[PDB]
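Given the coordinates of chain A, assemble chains B, C and D onto it according to the supplied hints.
There are 4 protein chains.
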Amino acid sequence: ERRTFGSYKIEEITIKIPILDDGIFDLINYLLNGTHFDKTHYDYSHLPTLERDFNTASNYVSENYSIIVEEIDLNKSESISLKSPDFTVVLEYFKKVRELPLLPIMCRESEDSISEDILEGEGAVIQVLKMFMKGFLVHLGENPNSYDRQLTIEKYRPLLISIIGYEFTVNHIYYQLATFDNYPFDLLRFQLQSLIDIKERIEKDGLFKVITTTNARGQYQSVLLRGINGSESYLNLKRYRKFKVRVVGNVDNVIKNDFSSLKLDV
Amino acid sequence: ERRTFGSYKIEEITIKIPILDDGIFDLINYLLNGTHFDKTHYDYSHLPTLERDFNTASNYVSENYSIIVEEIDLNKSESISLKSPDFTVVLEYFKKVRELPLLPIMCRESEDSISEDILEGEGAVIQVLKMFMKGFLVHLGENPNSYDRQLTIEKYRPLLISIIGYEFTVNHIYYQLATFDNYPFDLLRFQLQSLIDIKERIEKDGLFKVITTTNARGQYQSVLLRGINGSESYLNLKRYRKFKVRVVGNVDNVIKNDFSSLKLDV
Amino acid sequence: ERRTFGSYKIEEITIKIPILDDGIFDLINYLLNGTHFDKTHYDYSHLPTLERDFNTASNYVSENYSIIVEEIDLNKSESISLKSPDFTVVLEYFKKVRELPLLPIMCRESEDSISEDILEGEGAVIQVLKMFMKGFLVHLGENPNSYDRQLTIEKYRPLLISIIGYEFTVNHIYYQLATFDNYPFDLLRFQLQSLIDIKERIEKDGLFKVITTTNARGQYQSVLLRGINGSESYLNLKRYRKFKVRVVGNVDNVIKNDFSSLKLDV
Amino acid sequence: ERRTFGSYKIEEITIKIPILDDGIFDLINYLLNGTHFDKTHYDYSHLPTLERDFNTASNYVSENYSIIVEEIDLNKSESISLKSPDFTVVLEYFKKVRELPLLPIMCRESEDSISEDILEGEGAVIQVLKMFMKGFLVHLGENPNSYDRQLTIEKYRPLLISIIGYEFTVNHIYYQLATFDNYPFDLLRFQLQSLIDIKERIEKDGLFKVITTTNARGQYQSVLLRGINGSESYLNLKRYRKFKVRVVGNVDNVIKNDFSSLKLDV
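Residue numbers (UniProt numbering), protein chains in the order written: chain A, 5 to 19, 44 to 70, 74 to 107, 111 to 130, 155 to 228, 238 to 264, 269 to 337; chain B, 5 to 19, 44 to 70, 74 to 107, 111 to 130, 155 to 228, 238 to 264, 269 to 337; chain C, 5 to 19, 44 to 70, 74 to 107, 111 to 130, 155 to 228, 238 to 264, 269 to 337; chain D, 5 to 19, 44 to 70, 74 to 107, 111 to 130, 155 to 228, 238 to 264, 269 to 337.
Same shape as in the complex, but just chain A:
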């Protein structure tokens, strides 16, 4: 049941709306367990250390997830969610509700205080997700679709955000890619090339803005990304699911048969 890495899938519904399969839910869940690429749902020549870095990040995410797995009840669905710009995962577990900030880059006054092995773990993680996005876009170019003009990249925004955030906290392409989550596929397929210009000054002084609302019952902090267009965007949650693939097998071994052989009457 393998599939190419960085993939997407397209599903039909009608009473003919299409929907996208992410390639995200599975990646997160695999990273939870430290599963290695060999025993994964996933021809990667131009992907150096794809399994190598992949498994390193799998391991790193595995212990990090275990860090909060310890407190979890045995008894206490799965609706994983992500938040920009520290790129935090969100989980729940019921009887029959926590988070973990995988890549906190908002504020880190421990540049040398944080050990270098941990730093390498994050660097592997970000490399994995970045070239993951690269594979996703090359896959986009590979096999187009009727519905290429029907949906947008909007899912993948925060990952690009984390990309450029690290880049500045160590580009134009990934930046402007993030700039328009509403941007459509076949568009990129046509004009991926010249998307280059703000030039220096709106990002020399912080890539993003932070504003907190004193809602008198809490302090709703919020991040406002800044785009090459010279604009801003609210960062927002996007809870995920994963479609429950049904249990159908395959015709694979069915014995096809001839009919002229049978003495059909005429």
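The reader is advised that the hints may include incorrect statements.
Remember, identical chains collapse to one label, so a pair may be satisfied in a single copy or spanning two.
[As the list claims (entries may be wrong)] Cut-off 27 Å, straight-line C-alpha distance, at most; resulting in silico cross-link-like pairs (DSSO-like, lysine-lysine): (1) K315 <-> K275; (2) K130 <-> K309; (3) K188 <-> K280; (4) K213 <-> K327; (5) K130 <-> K275.
FYI, nobody ran anything at the bench for these hints, they're computed from the structure.
The following block gives chains B, C and D in isolation, referenced to the frame of chain A:
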């Protein structure tokens, strides 16, 4: 937009029930206009005179349909329907309701009184539909499906009925095929072979029974086919439709592009 | 209130749909108590040791059921259910929810470690159910019905599965019988004979497949039987009930009377 | 599709209420057409001239019905209804509403003015219906039912009324039978014998009463029968229908087969 002759198609719906595309509605409609196989929605080596007999029958059905087309109003949907055993088509036309018995074989006391050219027209028609069913079943054998165990032949019953009716009014396979409209596909795919045994006596004395109910508002005649199992079946209407294929085109000319070529950052 | 062994019954409902009576719910319940054939709801000449093996299996199932009966509360309906391929029963009990795997054949690394008396108990059980199915099919042949073309064998699939599973873990007929749970009655009545052909190679390497879905809240294992058609099928639950027969007695002793005897006026 | 004369049938419905089939709707409809007993839905030794008188009455009713059939439109369901004590039938006919008093005995000041052939026609009719009721009751005695205690004779009241009306206008049994339309079947089956006593005086002075209500929009006449109990009853309409028997045939010719003959594995 060609397709193989005698074809079927499989469509998914969910809130994953499959549905069948007949290869019947289109055939009837084509036969209405006398359209020739060249300009039809349809690799036919083992199908002798397929286009030849096909177009002969197209012509014959075209005039026959015109016989009642004349009375039709300009102004006065399409929900074509069929009745066994004289294999009659049923039409309607509204402002914004008739029939024609294509192959009346119940009673014909004009064996030589009916002209031989008309007889040849019907013989071409029945040959066309018979080898049509042959193509349908060979197509069944060709490409199986997950859903081969989910539906039955029930649509095609009356055609087989007409087949054997002509045969007797000039076999075991087509007969027993008709005998169980509820019969499933992949079943036939497995045990098409030995379906041979009633032996002579229930069909020497008429293949079918006729019973009329004096409903005091009419005389509902009805035909009761007799099957190799030694049983009977009510013959019933089955109104047809045809799914309205949407207007989507194709990725056909889309320019796929490379990505390692673009100076992606890493 | 006796009935023939391996029986079935047919019931009408309308606002004229028929329904089947299994001969399964009762068999299971009888086997629960170790009840002997004499004091059962059940002319068995061709059924050697029918009561003998029947009562042996009744005893074996009785202790096996008692094995989990012990934990049951006094206070804590009946909706018995079965699962292939280890052929497990499923029970519940409420105040006003367990199982037992009668014939676990999926994995048994105790071929000589399991005592021979237990093995004989299972062998008696499987013999009982197998010739039970034999009686069911001979009964099918005996008295046909209007509705023989209206339903399928689908209920009895897992039992046949267990049959062939034991056979391989010690045939074509019972195998192919299982292969199409959707297979219709009067069909079998006609073509029971030649249903023989995969030939060796798809079953030399395991009769079935096992696939588990890591649903992130559990590990849904599932079994995928392989059929002579060269295909697969999901194994599925089928919860049972039993119709509550009403309390009507009989005209049995009613005194029929003459009327010409009474001095009717004319 | 024959059945015994004067018959009844019992049908089940549940969400196990039984319903009765009359043997009345059919009799009326047959009498409408003058159909003869040979070509009717109907072992009559104790029924002298059953077909003879039956066909005489069939003829008489046929012309009488034709008397009003003449005015009927071609275009202008069937819900035949009956009224005591002149025992009048009630019909309707729509595009997609009359009556006829078969046996007017309320007032006839033409005792010799009415021709004797017409009189013989009515006498045949009344004999037919009377011994019809006789057959119905002997059939009741013949085959009892679980539901014999669930319904009453109420349908057949007016016919008995006409019987005794003629008798007086030329008994105890048929009289008292009519007296309690609510009377139950198996009751009669037990105590048919001694139902004999008003003695002369309430019927010497008219068997019935007539009362008309001047409803200021019409004159609703009504008849009030008098019973051996010394009581009265309103005479009332009872519109009829007839259940639409479905089109199912028969297993009649099905080939039952052996199973020990087939080389079943064990």
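Each hint tested on the structure:
1. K315 <-> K275: neither (45 Å within a copy, 32 Å between copies)
2. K130 <-> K309: For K130 and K309, both the intra-copy (25 Å) and inter-copy (23 Å) Cα distances are at most 27 Å.
3. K188 <-> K280: Within one copy, since 23 Å is at most 27 Å while 37 Å is not.
4. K213 <-> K327: between (43 Å within a copy, 23 Å between copies)
5. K130 <-> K275: Intra 50 Å, inter 42 Å, cutoff 27 Å: neither.
The structure does not agree with the numbered hints 1, 5 stated previously, though it agrees with the rest.
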